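K.L.:
Single-letter residue listing:
Protein chains: 4
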Amino acid sequence: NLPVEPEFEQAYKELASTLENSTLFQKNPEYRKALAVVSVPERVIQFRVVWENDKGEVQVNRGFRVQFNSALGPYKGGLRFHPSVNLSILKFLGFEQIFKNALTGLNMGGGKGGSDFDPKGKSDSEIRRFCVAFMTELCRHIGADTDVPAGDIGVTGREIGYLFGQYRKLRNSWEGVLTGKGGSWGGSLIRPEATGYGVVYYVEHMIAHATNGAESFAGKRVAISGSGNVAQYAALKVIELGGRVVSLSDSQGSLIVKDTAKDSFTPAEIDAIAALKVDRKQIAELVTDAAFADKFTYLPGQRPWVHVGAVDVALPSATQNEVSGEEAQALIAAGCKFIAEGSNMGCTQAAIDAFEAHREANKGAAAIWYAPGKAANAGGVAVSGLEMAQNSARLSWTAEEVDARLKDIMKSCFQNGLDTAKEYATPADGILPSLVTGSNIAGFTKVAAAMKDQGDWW
Amino acid sequence: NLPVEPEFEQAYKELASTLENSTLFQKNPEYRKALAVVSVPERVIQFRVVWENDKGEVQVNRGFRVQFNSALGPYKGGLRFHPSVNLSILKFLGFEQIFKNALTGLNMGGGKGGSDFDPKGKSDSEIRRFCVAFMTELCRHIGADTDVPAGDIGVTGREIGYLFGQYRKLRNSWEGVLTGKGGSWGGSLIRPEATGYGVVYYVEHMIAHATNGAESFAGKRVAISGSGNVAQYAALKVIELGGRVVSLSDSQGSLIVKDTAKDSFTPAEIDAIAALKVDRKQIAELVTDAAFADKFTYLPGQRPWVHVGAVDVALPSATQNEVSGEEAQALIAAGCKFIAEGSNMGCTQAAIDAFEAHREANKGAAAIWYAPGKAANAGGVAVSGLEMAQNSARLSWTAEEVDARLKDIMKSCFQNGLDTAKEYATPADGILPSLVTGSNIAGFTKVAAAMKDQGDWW
Amino acid sequence: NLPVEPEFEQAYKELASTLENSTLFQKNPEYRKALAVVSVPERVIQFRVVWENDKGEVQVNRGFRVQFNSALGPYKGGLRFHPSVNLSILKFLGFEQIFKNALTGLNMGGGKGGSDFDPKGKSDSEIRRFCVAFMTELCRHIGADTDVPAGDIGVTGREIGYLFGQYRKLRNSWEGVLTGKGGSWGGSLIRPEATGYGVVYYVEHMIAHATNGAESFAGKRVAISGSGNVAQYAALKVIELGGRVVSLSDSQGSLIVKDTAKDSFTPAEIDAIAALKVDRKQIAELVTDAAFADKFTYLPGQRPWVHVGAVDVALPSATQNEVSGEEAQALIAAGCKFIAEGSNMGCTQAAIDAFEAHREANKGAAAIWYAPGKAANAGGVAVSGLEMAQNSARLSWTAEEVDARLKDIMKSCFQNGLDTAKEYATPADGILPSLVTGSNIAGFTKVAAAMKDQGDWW
Amino acid sequence: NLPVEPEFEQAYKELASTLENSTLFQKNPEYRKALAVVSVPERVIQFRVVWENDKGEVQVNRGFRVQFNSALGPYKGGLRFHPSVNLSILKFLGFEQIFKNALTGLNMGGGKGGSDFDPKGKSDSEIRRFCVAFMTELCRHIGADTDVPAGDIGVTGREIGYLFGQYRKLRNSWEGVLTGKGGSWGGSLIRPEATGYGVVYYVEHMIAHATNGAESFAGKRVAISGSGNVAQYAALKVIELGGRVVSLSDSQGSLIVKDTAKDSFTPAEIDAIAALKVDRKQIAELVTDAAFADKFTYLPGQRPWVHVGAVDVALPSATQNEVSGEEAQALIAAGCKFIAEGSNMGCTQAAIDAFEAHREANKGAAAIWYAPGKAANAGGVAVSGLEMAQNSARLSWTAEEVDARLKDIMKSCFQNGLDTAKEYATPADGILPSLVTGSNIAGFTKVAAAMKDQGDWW
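Protein chains in written order, with the deposited numbering: chain C, 3 to 460; chain B, 3 to 460; chain F, 3 to 460; chain A, 3 to 460.
Excised from the complex, chain C in its bound form:
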């Protein structure tokens, strides 16, 4: 009866294992019934889209719309365009989306939309035909108070614009229904900036909590490892605070300065390598540029983290699991003390669940923060939430206002996760407060609490 959603099976397995591993699930046996209510996504809906390309043909695809958290706000979710989108990855991203989005604190329906409409290799008329034939059928199952598909990495403003164009021309309701609009027609500022800002905000939050505010991006090595947009914003924030960005694991490899503990990357160099990574200008030449070769000893085959040096901040985004069991101890003997993953589940679960033995010996900051990009990435959807408020308030905010909103939101995410892991997950004394168990503790606590209060589970 039950079909196969391999990524969803993996996500559910990890959640259940880390839950029953956590002390909360042991000390609160009633939670053994919460999962059943929350494990099923609240509503996943797809649509048969029949659209003709510019040459003139037929294309019968399926769109995707997911809502996984219904305790906070109307059913939301950012779109993402890739032929790799299907039911499995949809439910996986939702099953982590709930414990990212309830952790966000803001009243936002956890979920994620998307389509297998490829972003490249079709003329803009074909995009318009797809989006029109998509909102021909997506509108009925959405609405500002019911469902508000948003957009993010993979789906640009063009496809979201075409989709809303059909929606507005359809229902005659210029009302916030597609979160992540453009600045002219009711968008938001910091919207692309969300991912880079949020991750570093989470990092500084946990680091400051560890060292009582003494050190937070004050000059430590930041292997941003996200050369593109995510680094373009995160390293901007890092140099605003003062941390010294020191590496990037580009898709070609782990591009690095002369040595991690001896030099640091200029954000201008990060922007240059990112531009050459997206531009047709040779990426290889990019790593061998004058500065990129004399001030920086590019090592696209070895991670800076196994090099140890003095690297602290980590984010294997561009390279999904560049690191592996090769650097088992050297990763943290590097002094990383933290690992997020800019791309969803960037580095595979081996490096996550390892180092649990050393966590007992290490303390707080010393205990690596392999809390995945979940509490960090909230910023993305978080700005989406702010975008919704804009369309609710009918008036665009300012840049500093949205930045303050984001700052408070990451305050909420970090505090909720850490404080829930402190008491519910039995935080390890003389160690970071159950960072890995923090996901399980915070997710189960929020799910059970909002399910009992709202009558979702009883």
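Derived from the structure by calculation, the hints contain no laboratory data.
Careful, some of the hints might be misleading.
Remember, identical chains collapse to one label, so a pair may be satisfied in a single copy or spanning two.
[Unchecked claim] Distance condition first, Cα-Cα at most 20 Å in a straight line; then the derived SDA-like pairs of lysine to any residue: (1) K124 / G58; (2) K454 / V62; (3) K124 / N55; (4) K171 / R45.
Keeping the supplied structure of chain C fixed, place chains B, F and A upon it in accordance with the hints.
P.N.:
Then chains B, F and A, alone, in the frame of chain C:
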């Protein structure tokens, strides 16, 4: 043939009598017709519930949505769960709610709904069965613009939560219909505080106006008489503004300090005997506590009003006619510079016929300022309106924000009442702005002014 | 704390007394739990009807809308604009609707509404103003599938058309909400007709059921006592089939031919008295007609039933209990064997609560037929249901087709009542299928059966 | 088959000529389709109204809704009352509206509402009988999301309030979206104040940019020439900044102080002249006052800009082309630093064709900076959008907050016009940001940009 709603018709008689005799009609004749238009509640809805207790039966309770001001706000009706409320107190609370929400100033649709859902002897399953059988017949006649239920004693938490549960599960619209939500599902801060808050501010403002600043709920001896939640909030704001809480009208009686003018009611005992009043933990035990029994001279029969002394603020809380018999001259000689009717329509018109002379014969403070039971802080409905603003904006504010807004509501009530009293009731030179007379004055002035403006009455 | 509704609680007491005493109460153990759901206010819709007359002023007529259940079909509930109608008599109308439509068995149940409007020959512009205001406040709670109101006392075709006009102009929906439409705007061929058709149909059907056909309303005495529209329909069908109309009842006074036993009425006198009854001039001139008064021996105060005569088919339409124990055995000796009423049981309980002396021995043809008004004037709501089918089918039928369907509905209600009476309160080889207990049997049987099948209550 | 739209055809011709004339269309030839998609109004709609005067007879009329901006916000438009309102002037108002409303930046569906409802000779009863038949055919085609009519001159608060009253009584949805509703309920502040304040903001930003911050409304010789509300607001804010208003162009004429070079008008004295203006009492009584006639030599048949002296700022208001053309270069000899067209395209081609070389050749303030009639102020619609935000957020702001948002809106429109002129249009080196061509530049730039982003057409 109007069957007469005894509570409602009584409130009518009060309104009409202290109104058409008041000056405003004598000035403006058209006033007369307006009564009829408001006389009919703007909209009252009532629904059955076919639900079962956990054993399994066909229990049939009945819900209520009163709506008695369709000019300022949409239809906001506070619910209240008690087997008592059927139709009489329904329309009565509505006829008070005109002036309550009009004086509020905030765009609040006047009303107060509820049901006779028995709180005691019904647990999780029974609560869910009823409060899911609630929305099956309530959803249609409600929803933001149309109508927005709320919650109070009996409706606290669980019940409104379940109503929201079924509503959102029903129409697929996570919105702000069920006013007074909780934190996780888009609630509000200061919402518990509410009624206890503001009023002190209110009372303060009042005597402030009396004393042109000077005495503004500061130092003066305060017979809060409501040691429970109401004082748990009041007494807080009390000592914040300076007032000396000195007494309590518990179920035990008018429990009091050594002298309701010399000793002060320690807020510690306020909340302790509050815990002993919500629970039936014998009041005597607290009042027989050594430190308590010494500093406080517990005489349930004796009342700060008849105690006179120099107690300089008195409030007869929910205990009906908590004001003493000799109050009229006793509490006046105490010079409280303030009176109220916290117990809705408590002291008889002769007991508050005192200070009618003092308004002019005495002065400012010395003119001991009775605050009409209606002329108070809208803390409950006011914080519900702030919750509405929060839910509509899709972004929760902070505690201080809600508090500042509540202050604004209080100020609106204050100014509306007294300034319109000065306008129409025209308190002669000396006379403080007619308070009961001016309560009625301001109520109906804003009534008619609106109803002619927006075309409710022509 | 139910504010006992005199007419409603009286009728409920009669129905419940006939229910719980019949064997049906024990034949099913769930019966004792159906009443607490059949009659209870699932939807009381209170609002204001503030409007303007010529002498420009606000008339705040209290108009509300009561709904009880929707099991057999939508709330085909006739409005009421009676001069002094209130929630009491309106909920009585609701309850008579549930049992009347339950016996009728097409698409109708318990719904009600209207204001205490005072026709009194108010100017037609006043009619338009009040009707427009009422529909502005009514449209939301009505609709072809939710609620399709009609017009009872205080509403004839003009107010129906005005309410329609405002609805259609309002929601832009030329649907079938306002029943009893006009021929130009989607009326009915048997409108305004039936009522008397249905009564005479019922009577001939019971007589034929008694004497295995044979005597079926052919050459038998008929005291229609309804000369107006009632007998304008009835006596027409009476002379169609073969019965001879004998008597007449008027608000000025009931009338008779030279004697009830001696002669029988002619349709010409019935039509003349009818025309004068509906004309502004009072009926007095028709009864005082020299040719009428002498040959048709006119004795308005003295009721032909008191004279008894030898009539059979009698219907005190206008005489609301103008006869009592005066003629108890005398009518039975005369061979009346049938009593009903054109109105909703205008005859007070007296002879119905009585007759038991005959009941114990009166059997079949000898037995009276106290066909309750519910089982006597189904014709009106049956024609309204045919009007709804007409509006849904978007066409217009013919007189013969609607008449055939009226016959079918009459047969359905008649056979349902007799079959339910025989099934549970089985006639003890005697009185015609428990005619008096037939209403109780049919009501309880239909209510419990449809409630179990529909699962409203379990 | 475009019918006679003389005002609309004139506006479209001028707009197309200024578009194709400038480098906006020359450097970017692919823009030459946006006109085709924007020439047609989005959803111009009208409703047929059938009302009754107090005497009593039918009266047909027509309502009017223009919306010429479907990419920024939901359809909007301020109701205007004039028998001169018809499709022609409607579409002209909108086709000139789009430019200024898109310059506004706010998410507003630019347009215009109105009717030929005569506002002279029809009192309370008649206006109510129109504004309860106003919404009967309008509610369906409006709504917060779809269409949100507003109000302006002719439609004072009375008629718009009655109109609201009707639709709130209609759809059972308060949702205050008549956008101009009274301050008692859902109304804003600075709503009447908006027009003159926006005028002064735009002119102050213009002058400040001209002088690079040196002089801006700091004693400069303004000629507000809007004696009524226009001047009552604008000149007040002018003296708040520092400028001195000198001339009032009443229907009497270009009423003027003794000398436009030294002696100014006082805004309170301007208010007295405005009181004489609204009243049909001839202003000759005012201008003959001892303070008036002596200190202010009044020349109603002489434009003070012709007098030259040292006049700098002016506004030839509703009186079309009150300013002359002979004033020519003597105007710059007066050092005007500014040109106005406060009316609707008042002056002829040459009168504003002057300053064409003063844009570049007269560097700095010496550029007599012309204000396009469209760019003049968004004040009306800007405060309309602020009313939108206030009503959707369910919370009234403060006067200072609304004024700050107004100032920001004027800054946005001013900077949008200047920037689009200096990039798309052909402003020579420092050529007053191509003031005349700036309107065309900005409008078509915004139209094409938001059209490409919104994906309405290819």
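K.L.:
Which of the listed hints are broken here?
P.N.:
none
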